[PDB]
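Have a look below at one chain only, the form deposited in one PDB entry, in C-alpha coordinates format.
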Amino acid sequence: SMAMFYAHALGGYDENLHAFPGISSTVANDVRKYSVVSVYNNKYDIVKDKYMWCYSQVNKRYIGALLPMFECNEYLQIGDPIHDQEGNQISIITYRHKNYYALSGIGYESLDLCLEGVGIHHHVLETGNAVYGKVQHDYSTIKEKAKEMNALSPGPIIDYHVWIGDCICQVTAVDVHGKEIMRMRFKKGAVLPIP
(Lines of atoms letter the chains of each structure in order from A and count residues from 1; the text may use other names and numbers.)
(Lines give C-alpha, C1' and ligand atoms only; values in the text may rest on other atoms or scores of the structure.)
Protein backbone atom coordinates (compact mmCIF):
# COMPACT_ATOMS: atom_id res chain seq x y z
CA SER A 1 0.00 0.00 0.00
CA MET A 2 0.93 3.69 -0.14
CA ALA A 3 3.96 4.82 1.87
CA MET A 4 2.54 7.16 4.51
CA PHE A 5 4.39 9.44 6.93
CA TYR A 6 2.44 10.93 9.85
CA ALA A 7 4.03 13.63 12.00
CA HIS A 8 3.78 13.04 15.74
CA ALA A 9 3.55 16.81 16.37
CA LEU A 10 0.20 16.81 14.52
CA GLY A 11 -1.21 13.83 16.42
CA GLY A 12 -0.18 11.26 13.84
CA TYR A 13 1.19 8.57 16.17
CA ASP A 14 0.03 5.07 15.25
CA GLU A 15 1.29 2.15 17.34
CA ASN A 16 0.66 -0.21 14.40
CA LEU A 17 3.14 1.70 12.21
CA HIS A 18 6.90 2.04 12.42
CA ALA A 19 7.79 4.63 15.05
CA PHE A 20 10.75 7.01 14.85
CA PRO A 21 11.40 10.40 16.49
CA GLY A 22 8.44 12.52 15.41
CA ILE A 23 7.31 10.06 12.72
CA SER A 24 4.90 7.17 12.34
CA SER A 25 5.32 5.64 8.89
CA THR A 26 4.15 2.60 6.94
CA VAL A 27 7.73 1.83 5.83
CA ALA A 28 10.97 1.84 7.83
CA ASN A 29 13.63 3.82 5.96
CA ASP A 30 17.28 3.54 6.95
CA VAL A 31 18.45 7.15 6.66
CA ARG A 32 22.09 6.42 7.54
CA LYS A 33 23.05 5.79 3.90
CA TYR A 34 22.25 9.26 2.50
CA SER A 35 24.73 12.10 2.12
CA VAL A 36 22.35 14.43 0.23
CA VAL A 37 18.57 14.87 0.53
CA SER A 38 16.08 17.00 -1.38
CA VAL A 39 13.10 19.05 -0.18
CA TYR A 40 10.98 20.53 -3.00
CA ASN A 41 13.64 20.13 -5.71
CA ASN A 42 16.28 21.64 -3.39
CA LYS A 43 19.35 19.60 -2.43
CA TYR A 44 21.01 19.81 0.99
CA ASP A 45 24.14 18.18 2.41
CA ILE A 46 24.05 15.77 5.35
CA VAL A 47 26.36 16.90 8.15
CA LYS A 48 29.26 14.48 8.67
CA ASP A 49 30.25 13.37 12.19
CA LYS A 50 27.63 15.58 13.87
CA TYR A 51 24.16 14.35 14.74
CA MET A 52 20.94 15.47 16.44
CA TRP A 53 19.37 13.73 19.42
CA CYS A 54 15.65 13.65 18.63
CA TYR A 55 12.83 12.21 20.70
CA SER A 56 9.05 12.16 20.94
CA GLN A 57 6.95 11.17 23.95
CA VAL A 58 3.60 9.63 22.94
CA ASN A 59 1.31 7.96 25.47
CA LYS A 60 3.84 6.60 27.98
CA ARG A 61 6.43 5.64 25.34
CA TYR A 62 9.71 7.49 24.76
CA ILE A 63 11.30 7.18 21.31
CA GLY A 64 14.77 8.74 21.11
CA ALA A 65 17.61 8.40 18.62
CA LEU A 66 20.69 10.07 17.18
CA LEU A 67 19.72 11.17 13.69
CA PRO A 68 21.47 12.51 10.60
CA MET A 69 20.97 16.20 9.93
CA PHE A 70 21.30 18.43 6.88
CA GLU A 71 21.84 22.18 6.81
CA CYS A 72 19.28 24.49 5.20
CA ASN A 73 19.13 28.26 5.66
CA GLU A 74 15.51 28.43 4.47
CA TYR A 75 12.47 27.72 6.62
CA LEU A 76 11.08 24.22 6.07
CA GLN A 77 7.73 23.21 7.55
CA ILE A 78 7.03 20.19 9.73
CA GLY A 79 5.57 17.54 7.45
CA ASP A 80 7.44 18.64 4.34
CA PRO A 81 8.40 15.45 2.45
CA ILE A 82 12.10 14.65 2.16
CA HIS A 83 13.29 12.81 -0.95
CA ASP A 84 16.42 11.02 -2.07
CA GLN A 85 17.96 11.60 -5.50
CA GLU A 86 15.93 8.69 -6.95
CA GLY A 87 12.51 10.26 -6.26
CA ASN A 88 11.74 8.13 -3.20
CA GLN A 89 10.31 9.82 -0.13
CA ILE A 90 12.45 8.76 2.83
CA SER A 91 11.26 11.04 5.66
CA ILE A 92 9.48 14.28 6.58
CA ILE A 93 10.71 17.46 8.22
CA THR A 94 10.55 17.06 12.00
CA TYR A 95 13.09 18.66 14.31
CA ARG A 96 15.33 21.68 13.86
CA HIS A 97 18.39 23.24 15.50
CA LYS A 98 19.05 26.65 13.95
CA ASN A 99 20.02 25.89 10.34
CA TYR A 100 20.17 22.10 10.92
CA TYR A 101 17.25 19.78 10.12
CA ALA A 102 17.07 16.26 11.49
CA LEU A 103 16.50 13.34 9.11
CA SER A 104 14.26 10.94 11.00
CA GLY A 105 13.99 7.21 10.42
CA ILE A 106 16.21 4.27 11.24
CA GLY A 107 19.29 6.21 12.32
CA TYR A 108 22.11 5.63 14.79
CA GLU A 109 22.14 4.97 18.54
CA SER A 110 18.59 4.92 19.93
CA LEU A 111 16.68 4.74 23.22
CA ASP A 112 13.14 3.49 23.88
CA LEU A 113 11.43 3.75 27.26
CA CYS A 114 8.20 3.01 29.08
CA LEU A 115 7.77 6.36 30.82
CA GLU A 116 5.22 5.04 33.32
CA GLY A 117 6.55 5.62 36.83
CA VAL A 118 9.75 7.35 35.67
CA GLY A 119 10.70 10.73 34.26
CA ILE A 120 13.25 11.71 31.63
CA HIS A 121 15.29 14.89 31.26
CA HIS A 122 17.60 16.29 28.60
CA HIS A 123 20.79 18.28 29.16
CA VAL A 124 23.48 19.87 27.02
CA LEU A 125 26.69 18.26 28.27
CA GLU A 126 29.26 21.03 28.57
CA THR A 127 32.58 20.04 27.02
CA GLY A 128 35.09 18.64 29.49
CA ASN A 129 32.45 17.65 32.05
CA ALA A 130 32.00 14.17 33.46
CA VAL A 131 28.60 12.70 34.32
CA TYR A 132 27.32 10.89 37.39
CA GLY A 133 23.65 10.30 38.02
CA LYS A 134 21.66 13.52 37.60
CA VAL A 135 24.61 15.95 37.74
CA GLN A 136 27.52 16.97 35.52
CA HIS A 137 30.80 18.45 36.74
CA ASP A 138 34.57 18.23 36.42
CA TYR A 139 36.11 14.76 36.63
CA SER A 140 37.44 15.17 40.18
CA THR A 141 34.05 16.13 41.62
CA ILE A 142 32.13 13.46 39.69
CA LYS A 143 34.71 10.85 40.70
CA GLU A 144 34.51 11.72 44.41
CA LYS A 145 30.70 11.70 44.32
CA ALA A 146 30.63 8.28 42.64
CA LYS A 147 32.76 6.93 45.49
CA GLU A 148 30.51 8.65 48.05
CA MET A 149 27.31 7.28 46.50
CA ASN A 150 29.03 3.88 46.14
CA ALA A 151 28.32 2.97 49.77
CA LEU A 152 24.57 3.40 49.22
CA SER A 153 22.15 0.59 48.45
CA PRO A 154 20.58 1.02 44.98
CA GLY A 155 16.94 2.03 44.96
CA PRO A 156 14.52 1.66 42.06
CA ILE A 157 14.92 3.87 39.00
CA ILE A 158 12.81 7.03 39.13
CA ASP A 159 14.44 9.27 36.50
CA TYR A 160 16.42 9.09 33.29
CA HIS A 161 18.83 11.81 32.21
CA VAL A 162 20.12 12.36 28.67
CA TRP A 163 23.43 14.19 28.22
CA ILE A 164 24.14 15.51 24.71
CA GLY A 165 27.71 16.71 24.18
CA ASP A 166 29.77 17.87 21.22
CA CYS A 167 31.80 14.62 21.25
CA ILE A 168 29.87 12.09 23.39
CA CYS A 169 26.31 11.33 24.49
CA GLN A 170 25.33 9.50 27.68
CA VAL A 171 22.14 8.32 29.37
CA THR A 172 22.00 7.70 33.13
CA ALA A 173 19.29 6.36 35.44
CA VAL A 174 18.97 7.40 39.09
CA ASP A 175 17.04 6.30 42.16
CA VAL A 176 15.41 8.54 44.76
CA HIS A 177 18.82 9.26 46.34
CA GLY A 178 20.44 10.40 43.09
CA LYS A 179 22.58 7.27 42.91
CA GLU A 180 23.45 6.20 39.38
CA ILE A 181 21.78 2.85 38.67
CA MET A 182 22.63 2.58 34.97
CA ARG A 183 24.72 4.36 32.35
CA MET A 184 24.98 4.09 28.56
CA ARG A 185 27.45 5.90 26.30
CA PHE A 186 27.10 6.84 22.63
CA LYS A 187 30.46 7.75 21.10
CA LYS A 188 29.09 10.47 18.83
CA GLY A 189 28.78 14.24 19.06
CA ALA A 190 25.32 15.72 18.79
CA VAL A 191 22.96 18.63 19.43
CA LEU A 192 19.40 18.92 20.81
CA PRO A 193 16.42 20.35 18.90
CA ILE A 194 15.41 23.96 19.48
CA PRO A 195 11.54 24.17 19.66
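We call the rigid core whatever largest set of C-alpha positions still superposes within 1.5 Å between the two forms. Positions refer to the first chain, counted from 1. Shifts are known only where both forms have a C-alpha. Compared with the form deposited in another entry:
- With the core fitted between these two forms, just one of 32, 60, 50, 143 shows a Cα displacement of at least 2 Å, namely 143.
- In a core-based superposition, a mobile segment is defined as at least three consecutive common residues whose CA atoms each shift by 2 Å or more; between these two forms, just one such segment exists, spanning 138-148.
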Given for the second form:
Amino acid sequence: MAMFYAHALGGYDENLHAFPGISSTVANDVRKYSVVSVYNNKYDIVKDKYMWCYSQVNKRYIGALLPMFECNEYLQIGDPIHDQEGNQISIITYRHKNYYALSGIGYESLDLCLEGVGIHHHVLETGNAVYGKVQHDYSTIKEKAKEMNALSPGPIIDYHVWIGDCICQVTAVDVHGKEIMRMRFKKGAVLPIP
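Follow the form deposited in one PDB entry with the form deposited in another entry, if you could.
We keep it simple here and write out only the one chain, dropping partners and molecules.
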Protein backbone atom coordinates (compact mmCIF):
# COMPACT_ATOMS: atom_id res chain seq x y z
CA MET A 1 0.00 0.00 0.00
CA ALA A 2 1.06 3.58 -0.77
CA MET A 3 2.68 5.49 2.13
CA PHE A 4 2.66 9.26 2.75
CA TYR A 5 4.82 11.16 5.24
CA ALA A 6 4.43 14.82 6.19
CA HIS A 7 7.57 16.95 6.02
CA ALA A 8 6.19 19.04 8.90
CA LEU A 9 6.17 15.92 11.09
CA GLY A 10 9.77 15.05 10.13
CA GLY A 11 8.76 12.66 7.38
CA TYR A 12 11.13 13.81 4.66
CA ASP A 13 12.98 10.86 3.06
CA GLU A 14 15.39 11.63 0.21
CA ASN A 15 14.76 8.22 -1.37
CA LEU A 16 11.00 8.75 -1.72
CA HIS A 17 9.00 10.91 -4.10
CA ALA A 18 8.92 14.50 -2.86
CA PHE A 19 6.09 17.02 -3.29
CA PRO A 20 5.28 20.12 -1.19
CA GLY A 21 4.93 18.89 2.39
CA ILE A 22 4.98 15.16 1.45
CA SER A 23 7.38 12.29 0.93
CA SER A 24 5.60 9.33 -0.60
CA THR A 25 6.21 5.87 -1.98
CA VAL A 26 4.02 6.81 -4.96
CA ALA A 27 3.81 9.79 -7.33
CA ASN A 28 0.09 10.54 -7.74
CA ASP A 29 -1.15 12.99 -10.41
CA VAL A 30 -3.58 15.04 -8.32
CA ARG A 31 -4.64 17.27 -11.24
CA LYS A 32 -7.31 14.78 -12.26
CA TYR A 33 -9.52 14.93 -9.15
CA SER A 34 -12.64 17.06 -8.93
CA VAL A 35 -13.63 15.73 -5.46
CA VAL A 36 -11.82 14.24 -2.45
CA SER A 37 -12.86 12.74 0.85
CA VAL A 38 -11.39 13.13 4.34
CA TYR A 39 -12.84 10.89 7.08
CA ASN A 40 -16.64 10.90 6.62
CA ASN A 41 -16.83 14.04 4.43
CA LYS A 42 -16.59 14.75 0.70
CA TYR A 43 -15.17 18.04 -0.60
CA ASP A 44 -15.08 19.74 -4.02
CA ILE A 45 -11.85 20.88 -5.66
CA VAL A 46 -11.88 24.60 -6.47
CA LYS A 47 -11.99 25.33 -10.18
CA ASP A 48 -9.39 27.73 -11.63
CA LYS A 49 -7.71 28.79 -8.37
CA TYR A 50 -4.80 27.05 -6.70
CA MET A 51 -2.50 27.10 -3.71
CA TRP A 52 1.23 27.79 -3.92
CA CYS A 53 2.71 25.33 -1.40
CA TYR A 54 6.31 24.63 -0.52
CA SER A 55 8.57 22.85 1.84
CA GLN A 56 12.24 23.33 2.53
CA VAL A 57 14.12 20.20 3.56
CA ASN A 58 17.88 19.57 3.51
CA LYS A 59 18.74 22.86 1.70
CA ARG A 60 16.23 21.83 -0.99
CA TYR A 61 13.17 23.92 -1.88
CA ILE A 62 10.11 22.10 -3.34
CA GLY A 63 7.28 24.41 -4.41
CA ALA A 64 4.30 24.07 -6.68
CA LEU A 65 0.79 25.22 -7.53
CA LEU A 66 -1.54 22.55 -6.09
CA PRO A 67 -5.29 21.95 -6.42
CA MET A 68 -7.21 22.87 -3.33
CA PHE A 69 -10.58 21.87 -1.93
CA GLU A 70 -13.02 23.81 0.23
CA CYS A 71 -13.64 22.50 3.75
CA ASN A 72 -15.08 24.47 6.63
CA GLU A 73 -13.91 21.91 9.19
CA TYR A 74 -10.45 22.01 10.73
CA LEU A 75 -8.24 19.23 9.31
CA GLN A 76 -4.83 18.30 10.76
CA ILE A 77 -1.52 17.71 9.03
CA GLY A 78 -1.23 14.03 8.12
CA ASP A 79 -4.97 13.32 7.91
CA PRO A 80 -5.43 10.94 4.96
CA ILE A 81 -7.11 12.24 1.80
CA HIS A 82 -9.02 9.68 -0.27
CA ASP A 83 -10.51 9.48 -3.73
CA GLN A 84 -14.14 8.41 -4.34
CA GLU A 85 -13.31 4.71 -4.21
CA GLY A 86 -11.67 5.00 -0.80
CA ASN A 87 -8.05 4.77 -2.04
CA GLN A 88 -5.65 7.08 -0.20
CA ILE A 89 -4.17 9.64 -2.61
CA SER A 90 -2.50 12.25 -0.34
CA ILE A 91 -2.43 13.65 3.21
CA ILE A 92 -3.42 17.06 4.59
CA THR A 93 -0.49 19.44 4.35
CA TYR A 94 -1.39 23.12 3.97
CA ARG A 95 -4.40 25.34 4.55
CA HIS A 96 -5.57 28.82 3.61
CA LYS A 97 -8.72 29.64 5.64
CA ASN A 98 -11.30 27.09 4.41
CA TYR A 99 -9.09 25.86 1.53
CA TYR A 100 -6.83 22.80 1.80
CA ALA A 101 -4.06 21.84 -0.60
CA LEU A 102 -4.06 18.45 -2.37
CA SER A 103 -0.35 17.62 -2.67
CA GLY A 104 1.11 15.33 -5.31
CA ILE A 105 2.09 15.88 -8.93
CA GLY A 106 0.35 19.20 -9.47
CA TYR A 107 0.68 22.23 -11.73
CA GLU A 108 3.55 24.68 -12.33
CA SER A 109 6.48 24.11 -9.98
CA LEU A 110 9.78 25.50 -8.75
CA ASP A 111 12.61 23.40 -7.26
CA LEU A 112 15.76 25.04 -5.93
CA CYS A 113 19.05 24.21 -4.29
CA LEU A 114 19.15 26.73 -1.41
CA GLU A 115 22.95 26.90 -1.14
CA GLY A 116 24.01 30.53 -1.29
CA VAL A 117 20.54 31.91 -2.19
CA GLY A 118 17.41 32.81 -0.25
CA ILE A 119 13.77 32.55 -1.24
CA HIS A 120 10.87 34.81 -0.20
CA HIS A 121 7.11 34.57 -0.68
CA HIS A 122 4.69 37.43 -1.30
CA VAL A 123 0.99 37.94 -1.80
CA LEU A 124 0.81 40.02 -5.02
CA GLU A 125 -1.88 42.68 -4.76
CA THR A 126 -4.32 42.77 -7.65
CA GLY A 127 -3.29 45.57 -9.99
CA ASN A 128 0.26 45.77 -8.65
CA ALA A 129 3.32 45.30 -10.79
CA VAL A 130 6.58 43.60 -9.76
CA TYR A 131 10.20 44.53 -10.24
CA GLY A 132 12.90 42.39 -8.70
CA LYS A 133 12.25 42.15 -4.97
CA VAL A 134 9.35 44.64 -4.73
CA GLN A 135 5.74 45.11 -5.72
CA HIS A 136 3.96 48.44 -6.02
CA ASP A 137 1.51 50.19 -8.28
CA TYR A 138 2.25 50.24 -12.01
CA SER A 139 3.61 53.82 -12.04
CA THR A 140 6.08 53.28 -9.17
CA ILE A 141 7.34 50.02 -10.61
CA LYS A 142 7.77 51.55 -14.07
CA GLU A 143 10.04 54.21 -12.56
CA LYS A 144 11.85 51.56 -10.50
CA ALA A 145 12.56 49.52 -13.64
CA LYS A 146 14.01 52.56 -15.43
CA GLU A 147 16.30 53.21 -12.46
CA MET A 148 17.60 49.62 -12.39
CA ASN A 149 17.88 49.11 -16.16
CA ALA A 150 21.31 50.73 -16.12
CA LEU A 151 22.82 48.31 -13.59
CA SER A 152 25.01 45.48 -14.88
CA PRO A 153 23.61 42.04 -13.93
CA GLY A 154 25.39 40.14 -11.23
CA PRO A 155 24.86 36.61 -9.94
CA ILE A 156 21.47 35.66 -8.49
CA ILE A 157 21.31 35.79 -4.70
CA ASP A 158 17.53 35.66 -3.95
CA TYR A 159 14.29 34.38 -5.45
CA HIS A 160 10.95 36.08 -4.89
CA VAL A 161 7.68 34.21 -5.32
CA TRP A 162 4.70 36.44 -6.16
CA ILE A 163 1.32 34.74 -5.69
CA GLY A 164 -1.56 36.71 -7.19
CA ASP A 165 -5.27 36.22 -7.75
CA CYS A 166 -4.83 36.06 -11.53
CA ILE A 167 -1.09 35.36 -12.08
CA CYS A 168 1.88 33.87 -10.24
CA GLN A 169 5.45 34.97 -10.95
CA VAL A 170 8.93 34.24 -9.66
CA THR A 171 11.77 36.72 -9.95
CA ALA A 172 15.44 36.36 -9.19
CA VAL A 173 17.67 39.27 -8.16
CA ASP A 174 21.35 40.00 -7.73
CA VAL A 175 22.93 41.80 -4.76
CA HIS A 176 21.93 45.25 -6.15
CA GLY A 177 18.31 44.18 -6.56
CA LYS A 178 18.48 43.99 -10.34
CA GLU A 179 16.01 41.52 -11.83
CA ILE A 180 17.95 38.69 -13.45
CA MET A 181 15.15 36.29 -14.30
CA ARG A 182 11.39 36.10 -14.30
CA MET A 183 9.05 33.14 -14.78
CA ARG A 184 5.30 33.60 -15.17
CA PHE A 185 2.66 30.94 -14.34
CA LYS A 186 -0.69 31.92 -15.86
CA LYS A 187 -2.85 30.79 -12.91
CA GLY A 188 -4.30 32.57 -9.89
CA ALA A 189 -3.54 31.27 -6.41
CA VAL A 190 -3.30 31.85 -2.66
CA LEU A 191 -0.48 31.19 -0.17
CA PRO A 192 -0.91 29.01 2.92
CA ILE A 193 -1.50 30.65 6.25
CA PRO A 194 0.80 28.94 8.82
